[PDB]
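First, one chain by itself: the form deposited without Piperacillin (Open Form), in structure tokens.
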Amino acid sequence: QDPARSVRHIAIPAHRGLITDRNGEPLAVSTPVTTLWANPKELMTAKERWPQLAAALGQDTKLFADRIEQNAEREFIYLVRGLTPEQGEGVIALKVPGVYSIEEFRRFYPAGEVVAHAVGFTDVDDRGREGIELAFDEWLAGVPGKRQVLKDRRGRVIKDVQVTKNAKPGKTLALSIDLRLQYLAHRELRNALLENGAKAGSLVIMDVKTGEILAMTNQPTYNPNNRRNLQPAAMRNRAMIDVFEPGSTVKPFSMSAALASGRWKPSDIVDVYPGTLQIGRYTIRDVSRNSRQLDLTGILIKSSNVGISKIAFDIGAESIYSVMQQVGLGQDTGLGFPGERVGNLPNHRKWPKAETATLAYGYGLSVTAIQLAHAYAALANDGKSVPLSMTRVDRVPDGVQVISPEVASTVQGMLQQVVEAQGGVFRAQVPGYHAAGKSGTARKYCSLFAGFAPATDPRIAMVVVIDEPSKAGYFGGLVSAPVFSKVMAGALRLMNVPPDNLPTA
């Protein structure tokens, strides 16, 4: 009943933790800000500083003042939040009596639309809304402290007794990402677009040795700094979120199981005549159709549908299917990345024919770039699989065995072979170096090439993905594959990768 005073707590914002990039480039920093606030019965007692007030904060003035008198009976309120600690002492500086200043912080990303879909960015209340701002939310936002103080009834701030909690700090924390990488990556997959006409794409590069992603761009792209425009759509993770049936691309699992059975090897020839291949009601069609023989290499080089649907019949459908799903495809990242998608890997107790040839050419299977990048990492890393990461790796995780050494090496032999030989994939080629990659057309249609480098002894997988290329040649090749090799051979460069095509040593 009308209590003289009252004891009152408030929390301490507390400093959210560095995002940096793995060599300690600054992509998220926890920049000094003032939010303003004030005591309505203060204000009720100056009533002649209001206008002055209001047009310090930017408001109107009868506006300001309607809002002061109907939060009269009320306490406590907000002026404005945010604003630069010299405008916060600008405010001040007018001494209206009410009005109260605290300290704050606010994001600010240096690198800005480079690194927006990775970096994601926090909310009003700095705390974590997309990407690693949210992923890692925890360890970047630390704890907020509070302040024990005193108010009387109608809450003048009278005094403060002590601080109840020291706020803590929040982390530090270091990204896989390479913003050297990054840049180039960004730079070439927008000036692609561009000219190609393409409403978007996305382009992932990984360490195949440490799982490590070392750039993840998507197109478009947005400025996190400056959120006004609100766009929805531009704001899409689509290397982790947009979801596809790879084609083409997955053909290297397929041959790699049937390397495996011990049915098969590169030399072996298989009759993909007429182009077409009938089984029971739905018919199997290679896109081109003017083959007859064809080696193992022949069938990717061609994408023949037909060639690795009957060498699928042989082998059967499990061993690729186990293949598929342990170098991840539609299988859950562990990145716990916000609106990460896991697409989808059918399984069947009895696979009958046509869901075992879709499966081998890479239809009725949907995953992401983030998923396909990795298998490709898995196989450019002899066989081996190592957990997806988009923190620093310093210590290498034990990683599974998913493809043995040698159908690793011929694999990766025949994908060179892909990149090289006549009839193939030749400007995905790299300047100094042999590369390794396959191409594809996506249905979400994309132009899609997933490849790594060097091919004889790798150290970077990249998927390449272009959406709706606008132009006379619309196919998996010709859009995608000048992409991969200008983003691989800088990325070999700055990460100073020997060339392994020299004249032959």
Given for the second form:
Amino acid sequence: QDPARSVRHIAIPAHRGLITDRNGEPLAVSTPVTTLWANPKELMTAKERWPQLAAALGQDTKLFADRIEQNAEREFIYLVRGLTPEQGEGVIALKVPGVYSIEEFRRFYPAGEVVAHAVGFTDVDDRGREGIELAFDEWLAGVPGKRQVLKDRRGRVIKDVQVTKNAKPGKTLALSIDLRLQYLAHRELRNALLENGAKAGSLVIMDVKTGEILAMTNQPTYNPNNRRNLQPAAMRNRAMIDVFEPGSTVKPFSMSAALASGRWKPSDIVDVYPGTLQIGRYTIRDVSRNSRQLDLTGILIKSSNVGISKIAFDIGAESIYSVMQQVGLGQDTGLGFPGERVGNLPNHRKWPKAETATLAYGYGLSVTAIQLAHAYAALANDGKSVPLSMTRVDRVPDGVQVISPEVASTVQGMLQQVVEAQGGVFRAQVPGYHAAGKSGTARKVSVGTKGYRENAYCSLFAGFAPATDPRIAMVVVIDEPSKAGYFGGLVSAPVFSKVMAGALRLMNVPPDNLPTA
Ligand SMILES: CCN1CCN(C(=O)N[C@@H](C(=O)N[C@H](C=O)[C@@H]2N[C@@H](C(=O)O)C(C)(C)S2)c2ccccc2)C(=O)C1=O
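Return the form solved in complex with Piperacillin (Open Form) of this protein as a structure block, the form deposited without Piperacillin (Open Form) having already been given.
To see the whole picture, the full complex is given below, headed by that same chain.
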């Protein structure tokens, strides 16, 4: 009986779609590779050739011979996947019976580590594994073809009957990222990390008018063309997967809820003396404690938890929760890519006072840097939230009004004072422009469950520019800076300054800090 003939179907591998940046710079490029395979049934008739084949493949003579012997009844085995066509030619040139070529594709990432977390990469089979490669795998992958062949009793092809399905290439995908801004960001987050002996960080740049991610970089990073060094940590797209308590960076949202309540205007006053406020067993504390009356701007400039807490008791936590939720903090109303974390916004039917105050000044919730950037974009875009995109946006979808335009404009001008006023975050100033934002510094949650660590910090700055016609929102998050000065305004705000400056200049944004004309 046995088998004199077989009909089988072998794949025609398809060309995966080019990934570019928003200007057509290649970021992921399908590269011709040569996969060597062999038919053991045919190899078995030419043993005298095996040693020169094993040497060609960098394999021990005996272990190779053992492998072939052990698979003598099979018709297919991989020798090696993914060598260059030049190297596959070197093995093919030996003319060993039963050794064959498949012309395949494998990815190359020309920007390497610079954009590795955003682009992601493919597995051994050329299917998306992380990032864009995975999120847009159906678009990029295309469909492999199918060829019907006739085969004899030892797996040798007698004839190509027909192509049953044509291979169709995957489609080109242009990201929203500008590789020039991405590089700038990369380099400046890298430098600040090193300068501060920090463990990790992220930076996200968004177009506030289009919802586009113009840049997304994290440290540590890795070279996606050589993933031998293997370290899982370095592969984390922290901007999208690592949640943190945003601390004082959410105070502009609490303030938007105050302004919207009917009960507060910027020039109203809060008594924050003596810099602490007891709430049953918990004490709210400010870092600087030489204040009494502060106006609402001043509460943001000095970053008083007490002042923001007293506002929150007056307007109620529900209003603050609603703002945070509407801007996307702890919500799944972002990109929603595979692997992305949502974080968490605590909810209560009856908010106790401690939870009300902590929410208002940014603890008891957890958000990602992308969320925080998107929230800042909505504030900067006169309270309108344009849907997030990682792909180039030619037709901008409709924004949703999440904060009233007047409230958003009032809070903008407060955040510009936070940067520009005496006692403010002067290091966030952007030469040429008016900039606006908010610093944050949060003690990290103690690892073995519990509470907080007195040694370890997350250093934040979030903002936008130009303050008077906003274009760009940006978040800089630096995890465990290790020097004397660890405050957001020392650590993160200068990175904001430099990367915002570069980005506005790259985008030809006209200066708006000009003598009053
Ligand atoms: C729920 C308990 N629990 C947990 C953590 N915790 C907390 O981490 N506190 C930080 C804080 O108060 N940060 C504020 C907003 O981030 C202010 N803004 C900073 C900035 O602008 O850089 C600042 C000027 C350094 S103070 C803090 C305290 C001390 C030093 C640096 C930062 C609390 O307070 C708090 O109650």
